[PDB]
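As a starting point, one isolated chain is supplied in structure tokens, in the form deposited without this ligand.
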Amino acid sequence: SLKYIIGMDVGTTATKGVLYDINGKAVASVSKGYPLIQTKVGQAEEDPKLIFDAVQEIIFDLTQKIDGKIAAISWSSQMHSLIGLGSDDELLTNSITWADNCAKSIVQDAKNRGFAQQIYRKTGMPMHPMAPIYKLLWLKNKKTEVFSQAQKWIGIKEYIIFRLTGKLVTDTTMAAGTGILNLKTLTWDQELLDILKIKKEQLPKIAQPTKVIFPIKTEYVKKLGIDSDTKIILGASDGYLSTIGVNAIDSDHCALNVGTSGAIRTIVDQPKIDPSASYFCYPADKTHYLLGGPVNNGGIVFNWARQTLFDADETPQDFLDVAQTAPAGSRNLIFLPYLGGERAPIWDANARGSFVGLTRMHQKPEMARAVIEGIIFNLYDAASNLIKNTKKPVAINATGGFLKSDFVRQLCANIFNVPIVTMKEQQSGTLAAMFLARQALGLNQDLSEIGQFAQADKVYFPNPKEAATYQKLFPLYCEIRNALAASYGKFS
């Protein structure tokens, strides 16, 4: 009689399961990881069966923890993953994650012919090999065999649901990450299908994220410890769900999440692409489009700095404390954070990091702070691409282990010059997935109602003097970024 919803988040190295009660309160959570197959450079795959096994195990462990009915299982999932199915519905490939670079030459050449520009103009997909469309082109031209026999081209979410249900369905937000979904029609772009030599039929049908997929094959109903009336909610992408999961549901807001890597996103009225293609446009539905930039150089870069700038025994707090002993602006020291190449905002895989403007006035503190300001300046750089020619958001809804400290939160406010709102719940994806279920179940109607579950915690307001300092220092950051943009290829 007690009813529960399970929100699943199928990540790159782990799935996280969270069990909510009919009130939306998370009562338990279990996650299990899997290896990412990286035999050689650029390769980033994973075994779908591995992933599904974790999935069953997670759900079952969650059901063990309560005595009641699992009303629905909802899904948040990594994006850009690609899996091929045979005529037997058997796995022709592993899950080729967004991180796999196999298609990296295809992109460059497509980019050379003005074709990548066209895909982007049509689908809102940045010119990057993370996209299935590019992954497919590569398979069609260097793995002709498996491409020949592929009857279905799907992603890990489609795959999991198909295992449980015998249905091949994807949601709009997930399709938005293939590079094949037309922005205007919100269906597969025929022109692209023809060039891919793929058929509308070899692709999941597209539905709303709230679609109920019923029923679950009895095999798993038993295995997973659920009922015969446990609904599967189609779910959506981690990118979309993480944004609505921090209550960033309209253009007046945006979501900034920063962990090891980070992301800035906002949701808008209509498609909206960038002349420079510096941000993605992933449709959710006809009146909701996710704009954003994935940013590689988040806390991963902070940790690099922590260690090489000091030593391996330098705590993150030690680093923050030292950084703080330097003035805001780090006496005009610029740090371009592009350690691992970069997607948004510069979309250059060859990019490297730089310290520019060194002087004998710049000591350890100044370099410490410049790192953190650089990481933040870069995120602000990506955010700014989103909202140029439009109204600045009224707040940034913030999450991520990198934003854990008051200092970084305050620094973000001061750099972005809008208030920074930290959220009570970091797990935006499973929360928003859980919310989708509540919609499907008729427990909630409008998206705005998700605000009830996604609560604000702390607000940080821009400090006027520092804000002015950073507003004057940002253009210099962009000068140095611009100055070096063309130089990174030289490095190899």
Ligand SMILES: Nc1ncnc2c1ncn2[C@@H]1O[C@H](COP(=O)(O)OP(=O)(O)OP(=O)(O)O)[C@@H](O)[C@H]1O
Given for the second form:
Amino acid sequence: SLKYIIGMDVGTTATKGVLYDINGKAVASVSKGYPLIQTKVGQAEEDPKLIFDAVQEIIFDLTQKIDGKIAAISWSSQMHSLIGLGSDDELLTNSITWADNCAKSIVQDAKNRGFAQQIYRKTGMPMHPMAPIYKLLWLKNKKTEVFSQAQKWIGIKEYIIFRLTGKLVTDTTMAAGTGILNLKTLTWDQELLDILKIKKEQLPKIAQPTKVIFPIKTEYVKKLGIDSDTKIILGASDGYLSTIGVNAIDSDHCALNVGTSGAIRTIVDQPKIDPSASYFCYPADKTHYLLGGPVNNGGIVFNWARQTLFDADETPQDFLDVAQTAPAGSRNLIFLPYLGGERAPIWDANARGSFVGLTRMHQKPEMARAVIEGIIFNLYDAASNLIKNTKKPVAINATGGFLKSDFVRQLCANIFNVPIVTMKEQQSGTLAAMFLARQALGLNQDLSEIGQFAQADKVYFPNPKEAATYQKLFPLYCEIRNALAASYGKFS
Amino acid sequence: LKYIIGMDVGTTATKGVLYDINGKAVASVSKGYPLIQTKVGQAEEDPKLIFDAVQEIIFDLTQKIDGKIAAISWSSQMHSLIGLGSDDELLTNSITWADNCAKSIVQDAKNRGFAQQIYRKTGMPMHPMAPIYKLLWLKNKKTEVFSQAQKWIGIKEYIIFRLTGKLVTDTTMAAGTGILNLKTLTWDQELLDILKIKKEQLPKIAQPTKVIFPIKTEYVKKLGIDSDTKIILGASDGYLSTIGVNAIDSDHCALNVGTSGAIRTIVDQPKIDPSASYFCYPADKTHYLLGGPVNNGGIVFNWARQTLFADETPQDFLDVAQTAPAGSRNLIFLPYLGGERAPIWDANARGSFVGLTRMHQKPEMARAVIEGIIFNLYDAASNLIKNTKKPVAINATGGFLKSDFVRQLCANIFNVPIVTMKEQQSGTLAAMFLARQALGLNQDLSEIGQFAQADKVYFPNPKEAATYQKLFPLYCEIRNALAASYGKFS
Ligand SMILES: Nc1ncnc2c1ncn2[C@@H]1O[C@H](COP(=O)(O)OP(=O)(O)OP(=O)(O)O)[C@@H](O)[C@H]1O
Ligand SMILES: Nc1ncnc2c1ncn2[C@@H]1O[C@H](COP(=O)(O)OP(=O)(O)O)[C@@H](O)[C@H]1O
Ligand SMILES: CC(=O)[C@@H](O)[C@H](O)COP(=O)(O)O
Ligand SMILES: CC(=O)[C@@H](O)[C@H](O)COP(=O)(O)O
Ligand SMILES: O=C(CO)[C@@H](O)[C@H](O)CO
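Swap state to the form deposited with this ligand bound from the form deposited without this ligand:
Complete assembly follows, chain above in first position.
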């Protein structure tokens, strides 16, 4: 008779579930991982059966923790995944994740003929192999057999929900990650379907994130430890949910998350695409569009620098301590952070990192700090593509392990020159999934109400003096990036 | 029993070496003197201080033996500039090659096409180290002292003048003023007129082997020598370091890398570079020193040793770098930390690591520094020898070249044998040799080989040489990409 909501987050490498009480308070969480399938270089698949097994296990463990009813289970999910089902609804492929680069040549050719540009103009999908549309084109050319027998092309969230309810439905924000969803109609682009040789019937139907998918099959009602009145809430993408999950529900705010990798995002009231296709535009509904830049080179690069500049015994705190002994701007040392190639803002998979501007004045602290500043400059570079000459947002709602320290929080404030707002809850995705459930159940109505759950913790205002230093130094960062932009192909 | 003293009048210190009659060094002594840096770019020294050190050293060396000093010969720093007044007293300190006062004057001359003209005429690269540019600067902003200067000379000239009363320079030293005409081997009249300087205000020019006599009696006593002790005019450190490693003709190259570095070769006629990337300094009618002075040698190694790593010894650094593959997984290090002269001639240059990946760990970065220092020297050497036959070997010296590792690396990158020398002190050795020529004890320059012996030889490993041959174009691509970006870091 006490009611609860479970929010699920179906990520690459692991799913996390959070159990929330009817006041929105998290009362427990459980997560379980699965291996990535990387036989060959560029390969990045996972077994949908394993993921679904983790899902049942997580939900069961959560329900074991309480004596009450699960009113709803809502979903946040990785984007861009692709799975083929045959006519018997059986798996024809693994889940081909966003990180699989099998379509990389397909994209390059599309880019040369002006096709990738057209897909971007139609769907808001950047010219990158992560998209289902490019993977489908690759499959159709190089794996004719499976392409022939595929009757459904879906993502992992659709797969999971299908196993639970026998229904095949995707939400708008997830269709937004296929590269097939038309920005203006918010249904599949007919021209692109024709080129794909895919029929609308071979794709899930599109509904709103709050749609209740009912009923769950009795089998799984038992296995999951739930009621026959437990609802499935369709849910949404991790990108969208992570954004509203930090209360960045409109264009006055941006969401900056930086963990191993990073992302800058904002929600606008109409489709808006970039002439240089430097950021994605993923619809959420007719009056909300998610703009953003996924950025590879976040804390993963901080980690590389920590181990390389020092040694594998240097703590993150030790590194930060040393970096802080250099002046703001690192005496003009520039670090381009593109260690793993880069998506936003430069969209060059061959890019590599650089230190430029060294002199005998640059000692360890200058190099350490340049790394941190470069990481943030890169993010500000991506953010600046979004904003352009529009209203600067009045705050950046910030999360992620790279932004743990006050030093980095303040540095972001100083470089972005807007206040940085940290959040009480880092698990923004399950939180916002939980919120969609509350909407479906009639417990909340307007989106803005998520603010009561997604609460702000600390605010960091730009220090005017340092902000000026960084404002003068950013153009030099861009000069060095520009100078080297055409030089990366050489390294390989 | 007769001995010869070879003197090396360097920046910050002078070193004397006493050689016996068979060219064997039997003792040495050195004395330092402060650099005068009141402001940025300034690099002066007090010539009286230097001359004091010279006397002490010579006296100290004489106190080490029972015999005669047959001769005292000179190897000297280049590009120094001292002005004397009508009373012959110092109007200025020795303004060394490192002094930057004339940097603006050079930039302007370079824009007007005059700096190019100076290079065409004299073989002097477009750089403020040159007396000619320092004179132009003085003429326009130190007009007082410019007005009263009756003699413009260098430190070697000052010393010999104090000892002897005679103002004499040798060809190799004249070659470093930026006023000596390549074709005539005398002061360039057109340049003299622009400077508004009369041939009389400059030392006479003589052969490096010319005996200057007599020595003033006051110094014969002070120095501990004889009335027949000969002063040999001597020559520049650059020229003497080259013949002092037995690199006497175009079939050889001299590579020295200590704190800084230099690549040099001697050819039989004037040769200048369309891009002016190397100097051409006459020694005589049929011998011209081509070279690149390279700032970023062991000084950059030392920076990396401390910055990348603690208190790593040089050997630890070497050990770590050797755990990286040849080519450092294609990581490029442009080593221009202190700006650069040869080969890029950009005082605003800075260093870079370009091509970083998570594959690049401490070993790759350490190794890329060493490869980059060497690539930079190979870049400068390549300017020298283009459109010519490669030298048959590189004659190598310097603390940076101490380890077999770096020696072998030089072989692999240059793709020519590296011959290391028994004698690192090439300058005073060649200075001593000059004295032997003047004393009649040697005739042909080629006989310097009897004294400057090879110690070891390193032959290119064809496998690694191939690797580096493929990597050098990438090093140049990155250098080229960034060449125009340095002015922005001010
Ligand atoms: N004190 C610190 N300052 C800056 N960065 C740090 C610090 N400590 C750890 N990191 C970085 O934080 C990163 C991980 O961030 P995070 O904790 O948000 O995990 P994630 O894997 O990116 O996302 P999630 O665990 O929610 O799935 C690493 O890449 C690491 O180098
Ligand atoms: N084992 C080594 N390997 C490479 N470089 C070294 C090594 N040891 C010292 N160095 C470098 O040697 C240089 C000095 O060269 P050296 O010829 O001995 O002195 P100098 O140029 O002042 O006459 C320094 O700049 C230092 O970093
Ligand atoms: C080829 C390789 O190095 C990969 O790690 C790849 O480049 C991924 O980079 P992007 O996600 O930016 O295209
Ligand atoms: C020392 C510093 O100020 C640098 O600018 C350096 O002096 C460059 O001089 P070079 O012209 O010899 O490269
Ligand atoms: O484009 C995106 C979302 O911003 C991808 O990088 C994410 O990894 C999806 O899970």
